[PDB]
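Using the hints, position chains F, Z and D with the ligands against chain C.
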Amino acid sequence: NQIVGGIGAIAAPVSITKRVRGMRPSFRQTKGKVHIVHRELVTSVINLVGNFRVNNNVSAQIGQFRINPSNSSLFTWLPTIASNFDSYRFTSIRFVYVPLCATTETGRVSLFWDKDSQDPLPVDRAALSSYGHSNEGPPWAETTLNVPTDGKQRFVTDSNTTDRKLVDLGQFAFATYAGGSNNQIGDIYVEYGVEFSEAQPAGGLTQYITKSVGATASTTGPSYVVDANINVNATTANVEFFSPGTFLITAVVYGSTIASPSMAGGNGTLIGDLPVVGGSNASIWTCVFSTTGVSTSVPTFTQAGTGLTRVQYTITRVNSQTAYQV
Amino acid sequence: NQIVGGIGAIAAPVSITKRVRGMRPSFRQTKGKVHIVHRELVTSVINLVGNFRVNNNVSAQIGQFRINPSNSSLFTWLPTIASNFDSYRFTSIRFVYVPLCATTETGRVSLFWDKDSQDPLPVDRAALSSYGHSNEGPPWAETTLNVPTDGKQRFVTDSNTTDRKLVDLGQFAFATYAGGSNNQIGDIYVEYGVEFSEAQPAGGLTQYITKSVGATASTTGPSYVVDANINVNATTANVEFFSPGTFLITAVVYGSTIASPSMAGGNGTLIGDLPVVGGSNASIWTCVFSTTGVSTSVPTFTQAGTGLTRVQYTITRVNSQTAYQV
Amino acid sequence: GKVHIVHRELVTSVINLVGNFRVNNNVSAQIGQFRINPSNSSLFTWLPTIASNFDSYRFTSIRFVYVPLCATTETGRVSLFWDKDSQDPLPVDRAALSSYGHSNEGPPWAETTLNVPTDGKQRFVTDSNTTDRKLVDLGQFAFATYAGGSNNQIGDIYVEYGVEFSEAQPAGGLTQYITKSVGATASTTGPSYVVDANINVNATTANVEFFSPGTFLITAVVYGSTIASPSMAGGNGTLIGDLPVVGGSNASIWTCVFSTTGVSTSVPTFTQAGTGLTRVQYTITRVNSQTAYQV
Amino acid sequence: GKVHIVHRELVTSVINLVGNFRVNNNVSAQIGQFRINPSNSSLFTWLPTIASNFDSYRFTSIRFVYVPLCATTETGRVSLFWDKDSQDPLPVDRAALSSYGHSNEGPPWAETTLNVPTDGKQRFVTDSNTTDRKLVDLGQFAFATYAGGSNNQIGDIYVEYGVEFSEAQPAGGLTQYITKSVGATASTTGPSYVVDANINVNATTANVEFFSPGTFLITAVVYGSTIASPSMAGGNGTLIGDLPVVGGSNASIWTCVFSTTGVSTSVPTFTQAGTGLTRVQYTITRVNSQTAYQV
Ligand SMILES: [Ca+2]
Ligand SMILES: [Ca+2]
Ligand SMILES: [Ca+2]
Ligand SMILES: [Ca+2]
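Chains as they are written, first to last, in our numbering: chain C, 4 to 329; chain F, 4 to 329; chain Z, -16 to 278; chain D, -16 to 278.
Okay, chain C solo, but in the shape it has when bound:
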């Protein structure tokens, strides 16, 4: 209760941390608009040593916390009920950072908001500091930013909508530029109040991406993945995720002879059987698996093959007890 002498001074403890409760969502209707407020987390920030890095990976994949109720990577409970509406408006939203490391962890972190959604995620240390809404902060003290709202209603991303910039409240991000260690530091909570209007039949929750050696990116659906998948001719069909959760996939390739997908030795763990067939001109392989984060080498599938023409996947989110013949 009493800190030892002297008096009236600044004291630095070993750790400070708020304790949180999982409050329920609460609804409210008003003039045909349904209003819902809730709080959940997004991710936990991890730092490197001696290297600038933003959003837990070095490629940093522009977007990826695109603030929009259809985005599953940021909101984890909102988008499965936001697919019943075609318009929204944020009435209040703030990002809360709460630490979970000791005071002896070093490396000053930051989190910030941009208004558009294709500014290519800065690399210089000085370019981070000059956003209009940010918080410089040490990695052991809580920091919160508000992000300003509008009156304009936007759309809730049911189609491809390639100029995905007029329908977004902005973009959220965070970065670290010192350190330290290679541990978790804290986790970012977001609490928010939204509106919805003009109810709709339920849209899909299934991504369909295509990739040949060319146009990247002829995709549709909610971006569980984005254009980060490597194939040229060689032992090259690499898929890796960044969004957490557990998914149901189905793949189809084309070209010369192939091999089996070697998922072992990387992120994400099997849960079923993954039946596979092919090896002459095309092959199909479906699976179901869970994954956690994360940024690392030797990515999550490394389908080799010999000489390839096209590849295309379908991704959908599903629980545990949906796998194959167990």
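Careful: at least some of the hints might be erroneous.
What the hints assert, rightly or not - With a straight-line Cα cutoff of 20 Å, these simulated PhoX-like cross-link-like pairs (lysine-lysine) come out: (1) D:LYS(-15) x D:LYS104; (2) F:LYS36 x F:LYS155; (3) F:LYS34 x F:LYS168; (4) C:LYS168 x C:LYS155; (5) Z:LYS104 x C:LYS168; (6) F:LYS155 x F:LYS118; (7) F:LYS155 x F:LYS168; (8) C:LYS36 x C:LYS118; (9) D:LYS(-15) x F:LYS168; (10) C:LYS168 x C:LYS118; (11) C:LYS155 x C:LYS118; (12) F:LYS168 x C:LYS36; (13) C:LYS34 x C:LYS155; (14) C:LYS155 x Z:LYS104; (15) F:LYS155 x D:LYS104.
Keep in mind that the hints were calculated from the coordinates and are not lab data.
Coordinates of chains F, Z and D with the ligands only, in the frame set by chain C:
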């Protein structure tokens, strides 16, 4: 305005029909319970001549209007937002039948409610008349039934739950036993007010059924299909739907040599490409298509094959612009 | 500085089938295609001849009505609905359309209206370039029918609007330019009178039919080997002029003025035969009946 | 006619990893496995020795607490949540658990509680037969951890309940009967102390470890070719008795009394070698320390 003589009598017009408007849903919260009232249709009743028939087909497939917010076959807008909750309660629900044929169409129809959900859908003409809640009626006049509610809260069917009888408000059905012609007659509207409680992460909307020559029915997910798919050894892998809408499928078989799926010549139309590969020991074929009703012979896929061991499908609901390489 | 017109015009007919579910009178539903926008010539038919002389608009109030045409003894359910973004996919079963917030069903022998809510913002008219075509529209309209018991025209739908244009652009015209070859389809240019459906390969195969009403002036060139004459009779649309034609060895050019009612049937409108063909072009304008090629 | 006990006991420890997301201290999460029910011996540890002498229950009030055990310098996030049906699937990423309506996170150096709401209906206790096991439970509890930076036990969780049993049944006991063969798994019978994870094939392979705390009495028979002695040392759990053993040609029977702390490590608890094996059986009871095989 004035009917010709005589006066004070009963007059039979050529047709009577109400005109309806597509009212929006409306929400309300109260003590942590979200209350939503809405009206939509289910199907349109079609009759045969000289044969008793119930729910537009002769096999009649027990269940199939199982009154439960997870059932997509009855409610078409409710289940995509009812997958965010684990408990419900109906506060008011009635089924409204509105005619759309002339007075010269004959064959007296009926619709009724049962309290359990495995009574095997009667075949005798006399057994139809003695349900506790029903309406005998001619095919040209509107008839409505209420269905009584409880205070008991039930579950919203996120798992297999093989005794699917304690979690349902009952079962809805309708039948015709005379006629007439082979035309549409009317369509059944349902208006309803529900509650929900104890919000949840969004469950899946994807069915996974399995079938070998044996246990039927080792399934999961929302029953877009039910155990109606024929395979024994021979040119036998037949799938046909009854629920309307448009779907994304993926199939996988096992056994001896096979052939291509001949979807042409029946219900349901192609929309994409349906890539297919296999023909030695197993084969994969996915597709995407829309279908309307309906009960007829030569069912919707007739995958032939030569000698088969297992078959298993995955079904999910998705819009139009999701097909393959167009 | 802002004009303000009020008018009530025709959209299209409706055609039901024997007990299925169709949206906007075709299968596969053609995503979009009735995005409500003053340059969309496929739904308005008097408006876009003056919306080509402007750039912005704002619908101040708009309703869609449905008047009957059939006898009172014909079964049916017609429905009218409106999604507020232009490329959400259209529904595929009759169970889905109860979920739309602005819907109104009814029997095919009675009148049926619905409003559609507006907002005080201004948009653009040009749609040849905007991909996505999503923020330049006020919504998307579609009708659907689900019963028997015939294949006849059982009504039509009319709009009743009020617009506010501003800052005029010069009138480029209303002509189309529809090229086509045995391959990629179809590289249109202009308004959308007609359509990404005109069958032709190499055989007795050069077919064009319409689906919008009105009187028209078309020119067409063909290419390839020997071309036969266009026998327009037997299908929709009636000749009003002279139908001049020339050629038959490498190319054949022919103009026509006619009017079509739109409703369809088998054996489509023009149907040139030819012998072996490469490509075809079409220019379609809307113009009245006095401008006929005299004999 | 209705008894009413109030007690506060232990559930299990918690163990975090270096920056991943784990639920209930394993990967693949074992759907169910903490369904809160007075016969579920895997979470309660004093309650089900008297819930075997009843048939119905009603939790009148129940909360779950979490006390710390680690130093204040260790990073982490622990969380406690509750779904009200027993076989909704467990989440797989840390983003999902913000959506549960009854959740409470916190740092691993501070205390954390959560309530769980009750209702005035009575259920059953027996779970060996009810498929589905869904209406016989009051819910499903699970914890999760998502940070670094160690692999040490960083706390444990305790319940604090109040029950109302009624209409007693006769006490059958608390023994298990775990058969196993090189094939189908595993045909348990009784409470769930332990577990569908006990590795054995034919080689130096007959492994059983526990994950619940407490002191136990186990008997075991084996079959096959030559069996070696169980070398219990080196792993979790310490011997308290004499460990008698016999056999080594076709079968070997051996009893043991011990206690284990539950927390785990490598090199599991018993680990018989053997030479070539067919099947194995286990009977597990919970009993105190005075009943040791004397020397
Ligand atoms: Ca949309
Ligand atoms: Ca559930
Ligand atoms: Ca201009
Ligand atoms: Ca008993």
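Could you work out which earlier hints the structure fails to respect and list their numbers in ascending sequence? 3, 8, 9 and 12
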